[PDB]
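Single chain ahead, by itself, as structure tokens, in the form deposited without this ligand.
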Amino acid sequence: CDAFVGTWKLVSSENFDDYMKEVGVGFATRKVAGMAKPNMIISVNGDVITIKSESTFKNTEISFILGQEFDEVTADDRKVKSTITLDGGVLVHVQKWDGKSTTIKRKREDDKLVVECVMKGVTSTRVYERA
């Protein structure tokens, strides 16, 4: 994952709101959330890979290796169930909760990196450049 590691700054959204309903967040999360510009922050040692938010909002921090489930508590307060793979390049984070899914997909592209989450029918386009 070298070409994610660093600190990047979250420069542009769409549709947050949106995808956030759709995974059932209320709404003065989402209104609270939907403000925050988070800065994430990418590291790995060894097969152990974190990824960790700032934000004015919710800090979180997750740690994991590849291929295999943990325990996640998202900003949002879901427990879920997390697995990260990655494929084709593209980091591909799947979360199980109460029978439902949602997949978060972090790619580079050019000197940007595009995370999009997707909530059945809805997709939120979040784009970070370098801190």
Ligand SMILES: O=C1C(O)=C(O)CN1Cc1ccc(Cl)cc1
The other form holds:
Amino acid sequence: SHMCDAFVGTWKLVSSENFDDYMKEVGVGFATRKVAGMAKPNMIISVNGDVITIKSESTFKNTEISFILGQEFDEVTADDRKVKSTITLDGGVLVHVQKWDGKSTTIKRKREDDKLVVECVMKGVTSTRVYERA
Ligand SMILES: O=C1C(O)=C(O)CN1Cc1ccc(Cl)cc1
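Now that you have shown the form deposited without this ligand, what about the form solved in complex with this ligand?
Let's see the whole complex now, leading with the same chain.
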């Protein structure tokens, strides 16, 4: 049903801003921040029926999530948090909320021009990560 069509594909990270500070706010430790911050992941997004799959492949970690919009799931993040996640579409933006230990962070993924822009927010700290088609 052409849900998420403009997101589907293989995307490569081309810029990052404020990611170390976002990771600090989330609680990521020093060594993981350094290695994770170096990574240039590819994000691979696909849809099969109602199921969306987002894979992230990098030299740091490979991650994979599959989900149905609005339906909570378990996620182990790249930094090894065990979180409860819900992903919805809000006005054409994929909004990914992660909950763990009474904390919450939100990752928004949006298409803007030929890029896919990822905004990661923890309390007052935002990181913006820009991906281009691979
Ligand atoms: O899901 C994404 C995505 O498509 C990014 O660019 C950043 N991110 C969150 C994130 C948090 C912590 C670590 Cl260690 C690694 C990634």
